[PDB]
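Given next, in structure tokens, is a single chain: the form solved in complex with its partner chain.
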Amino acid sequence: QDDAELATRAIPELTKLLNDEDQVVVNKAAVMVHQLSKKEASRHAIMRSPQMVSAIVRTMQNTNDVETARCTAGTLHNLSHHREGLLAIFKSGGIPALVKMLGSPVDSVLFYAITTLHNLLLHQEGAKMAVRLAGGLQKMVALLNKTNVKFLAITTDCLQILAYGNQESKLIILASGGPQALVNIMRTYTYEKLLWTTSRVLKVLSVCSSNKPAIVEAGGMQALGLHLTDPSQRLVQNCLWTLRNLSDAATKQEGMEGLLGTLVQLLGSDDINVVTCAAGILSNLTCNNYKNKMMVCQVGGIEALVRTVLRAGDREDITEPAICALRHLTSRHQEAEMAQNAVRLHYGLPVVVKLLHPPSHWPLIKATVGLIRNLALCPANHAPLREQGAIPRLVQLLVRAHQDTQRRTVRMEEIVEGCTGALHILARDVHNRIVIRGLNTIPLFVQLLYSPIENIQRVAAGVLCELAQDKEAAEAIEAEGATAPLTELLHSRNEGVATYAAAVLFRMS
């Protein structure tokens, strides 16, 4: 109580001294002020004097004396621990001044500056905007060339705070070469706090369409994959969210073998967010990349994805990408046939067929239909799929989707194409054909021969083709009036549809 009282007349007095034109006086006052800022009572008198804080700030950014620059920046850092200190700093032009001190050749000054700014960025309203306007972004990205990891942790977090929800900042960070610098940090250092603060910046940048390609080009996928089994769950989860955001743009990368293997193992995690991300990342990385498909199947990806689906239940945020990954893994690569069989061996057929029913929504249903189309390529799955009731439900989905397309005023055309395509493959089996026909499907299939969509015509012709290999069926198709529309599909620019059209015609005699 007597210290605070003393502080009240010492502050106005030191304010006069800081404003003196004699640098010797200035420098000496800076020292006392710094020392006073270390004690609460006097620190309070400092933060509560607009002229005192303005003098500290001005002295700091204008002195040519290292000790003064250190003492003033240290005073400001000390004031930043309190709400009123943070406010006074902001109101006294401290932000532009602190951003300038980031260029200081003196570590101690630079450290005081970045730390004071971090406190402002965290707790002072208006500080994020002020730093962006003062060119703080470009300077912080440039400082990523430093090697003190604690310094780097604070600096990367400053960039995270500034970039979050702010597209402009993200573009500037990209402009300054931020992605390459941040990926380099992830590849190099082992300090957990820095790996974590850095992964959050990458996470924030990964949602921006311009930053994704850059991060991926800088080798970000592989670097993030290096920390997926770290004991720090916050580091792992952040690397996972980032990897998932970047994944749709990394389907052409190499050196992904380790990453893919680790993701397959993470599918067995008891952490919902770990599993969700792993499934999503894997779905995207297996899209049109036969090397990744081979890798994922090789390490037991199929069994892991099926278990993921079984454990997931009706959680579509897990099942949709898991089912999409399984679809990608059951076609167009050396081990697709083995993959189609593995789904059955690990009890995936019943759940796969189950996913065609409510509460499943259209996105999931579409992916599931696609997977079934691929699974049906394996003869050993024909009977199991039938026994599970795939045919009745696919037919039902097809009927409903078709009727919706026929109304004037996920697109249902896709459901029509998919369901008919699945029935097409399933029709390769004699017993399935009986069931198919038994559902009064022939009339609908013929009607689809008139579809304006080529892909639809193809699958319509395809299933009729398979069905027509049985005489009683072929005759039924002919009676239904398929000849005319079939005859017309011979002049299609799609030799596939033409081939099937020819076949149905041929078989009908």
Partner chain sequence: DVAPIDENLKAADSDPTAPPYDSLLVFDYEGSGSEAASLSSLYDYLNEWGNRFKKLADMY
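Take the two forms, find the largest set of C-alpha atoms that superpose within 1.5 Å, and that set is the rigid core. Residue numbers count along the first chain shown, from 1. First, how it differs from the form solved without its partner chain.
Of the residues checked (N238, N211, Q340, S80), the rigid-core alignment between the two forms shows a Cα shift of at least 2 Å for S80 alone. Comparing the forms between the two forms, the C-alpha position of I56 differs by 2 angstroms or more, with the core used for superposition.
Superposition on the rigid core between the two forms places the CA atom of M32 2 Å or more away from its counterpart. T251 shows a C-alpha shift of 2 Å or greater between the two forms [criterion: core-superposed Cα displacement of 2 Å].
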Second form
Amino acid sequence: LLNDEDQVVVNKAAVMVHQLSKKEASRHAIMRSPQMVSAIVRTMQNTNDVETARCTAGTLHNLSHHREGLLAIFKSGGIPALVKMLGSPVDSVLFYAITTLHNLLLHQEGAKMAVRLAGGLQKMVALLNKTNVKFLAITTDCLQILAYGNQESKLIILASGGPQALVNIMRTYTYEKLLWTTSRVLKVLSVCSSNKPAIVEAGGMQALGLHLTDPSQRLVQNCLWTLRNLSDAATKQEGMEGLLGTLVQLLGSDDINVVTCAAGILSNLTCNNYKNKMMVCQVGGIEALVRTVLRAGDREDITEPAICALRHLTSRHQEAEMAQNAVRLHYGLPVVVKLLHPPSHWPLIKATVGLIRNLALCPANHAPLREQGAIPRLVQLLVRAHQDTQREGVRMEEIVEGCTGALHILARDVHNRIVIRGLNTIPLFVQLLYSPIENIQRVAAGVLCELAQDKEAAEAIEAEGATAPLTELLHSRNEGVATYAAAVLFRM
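Okay, that's the form solved in complex with its partner chain, but what's the structure of the form solved without its partner chain?
What follows is just the one chain, with no partners and no other molecules.
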């Protein structure tokens, strides 16, 4: 338990200091001695002898194993010193430094802010181009600790080139612990509005996709969570084929969170992306999603993104018609209509109406949608939704527009038109002509247009006083509205 020093540019002292840090008895003695630790800290902070640096950081390391050795290093200003040592060309020194910092980050209170202020973030990001996986695993974990729940750190990681460096790790290594820890950093960054497009631009979605068949469930799950965040309104990407095929396979996983994430990513990636729609359909996405909805029952965390994905797949791509038939052929129509009924909540109902609208584009779906009872439920939804508007989340105006839109397509069929008219919808449709919303005006005039091809209905529409609002609508700046209004006026 003796003296505590060195002078005269000799380093042998440290080479006696480390060798007793191992001894845990003299350890507690050292780390109760704030003068000793400062010398150690100052030494390596300045010393140009590699083996001295090695000896010093090593001692600091051993002290970091205890609550007081952390405090001591913390109070001696070891943190900025340790960050400095993240520049060392001795791999052995880098390792002690990042490890000690890691221990401080895990346990020592106030270490996170201290590391950030010392410039630890920028230094750690720069170290991501190293090649030792155990070293990288420690480094990425420090970044995870520092970035979590700290937007300021996230922006600094972005500014330092974090996204590309993390993505490169995911594309390069197979060491599970490193892949997992790196994916966790990406997950934390993926909710940042600035980091997200950067990660996508770096090829992050394709890189995470590489690991979706890994035996490690924690790795797979973190990749899926991150993917779901990134895939939300991303730029169109190339090389998505493998990812898309794997996501479809994962739909049949026995793991609920895997299934949920898979459906959500598929929904995100298919929205207004006809290439992705095509590819998903080609690997049997329709059958897989229908099976997913059926298995899900009333679990709306699964049905909502799955239904959305199905809605994307049944519209506006080369194989949309096939997908429309495929939903029926894989026994999907009854469950889709069912989702219009309680206990379904509004987002699901909104999505479900949209799907039905698309399914109705296929003539072979007209009769079975009628038979399954789609029309009266759509009408009831519409009636109640309109009443609510006339009195946050899903706006009832969206339900009004959606249901009327679905009915517009369903009204292509003569028997559907009979059902629709028999439910006293004409007065409502005529009233919707007065809507402030152009899209509501359009589908309202559209369904009236379909109905007006039958002479008896045309008279009913006229009797409802539709001539006047339709005349006003001839001058709609919305061309679709004007065109439908003219068509009804003609048929009357």
